[PDB]
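So this first bit is one chain, no partners, the form deposited without ligand JFM, shown in structure tokens.
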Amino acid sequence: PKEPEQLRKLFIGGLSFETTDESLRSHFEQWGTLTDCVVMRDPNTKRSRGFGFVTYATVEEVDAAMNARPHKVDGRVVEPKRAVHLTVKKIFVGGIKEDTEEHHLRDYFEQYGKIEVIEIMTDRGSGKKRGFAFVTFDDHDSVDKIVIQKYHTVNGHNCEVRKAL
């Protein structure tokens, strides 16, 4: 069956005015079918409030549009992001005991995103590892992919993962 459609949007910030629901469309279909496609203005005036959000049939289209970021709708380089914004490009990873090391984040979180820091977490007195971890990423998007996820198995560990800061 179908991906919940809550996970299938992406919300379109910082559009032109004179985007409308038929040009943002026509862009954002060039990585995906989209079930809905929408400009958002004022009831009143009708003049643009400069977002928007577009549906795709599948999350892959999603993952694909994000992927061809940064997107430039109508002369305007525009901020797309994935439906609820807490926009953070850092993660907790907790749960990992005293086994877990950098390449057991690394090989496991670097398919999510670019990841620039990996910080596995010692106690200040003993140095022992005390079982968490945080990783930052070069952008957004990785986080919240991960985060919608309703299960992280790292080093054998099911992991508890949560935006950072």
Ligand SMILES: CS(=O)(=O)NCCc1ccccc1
Contents of the next structure:
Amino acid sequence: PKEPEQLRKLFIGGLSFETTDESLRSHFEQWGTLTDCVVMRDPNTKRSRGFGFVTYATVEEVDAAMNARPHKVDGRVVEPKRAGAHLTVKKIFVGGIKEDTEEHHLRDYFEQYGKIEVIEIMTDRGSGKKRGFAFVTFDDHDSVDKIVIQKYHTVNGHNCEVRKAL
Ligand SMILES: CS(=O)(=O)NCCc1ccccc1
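Please supply the coordinates for the form solved in complex with ligand JFM, as a counterpart to the form deposited without ligand JFM shown previously.
Expanding to the full complex; the earlier chain stays at the top.
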């Protein structure tokens, strides 16, 4: 049973205008089987629009491609992002953690999504009591993208609500 195709796609921005379906495929096939690979072009001139997309057979292949960044494709460093525009952020809100969840609980869980730079457990301005939510900042947006597409996050026994934070 295959993962939904939307979760297997990478949008690739910043392409060289010389990149073709074939050269984009040859590059990204290093990290998995590509079921689709397209450079977007103008319908009249055929000139590249400077972006395209690739679709891998599995989510683990998407992960492998993202972990191999930076990608230099046909001499230009490109910008891959997983899948209406992408809100590219490095920080998440984590809600539902109650008063007993500590920094190490959040670190031990979230560090497997990406490199953590900041963990902020929110406390009440007046009393110092924990408010039951936190923010985690990573060094890169793909961590957040992987996190927010999961249906569930269980941290310190709590079913958590996790969203992109601006
Ligand atoms: C094969 S790759 O494209 O994933 N990495 C090539 C090395 C490189 C990347 C970015 C800038 C300069 C060099």
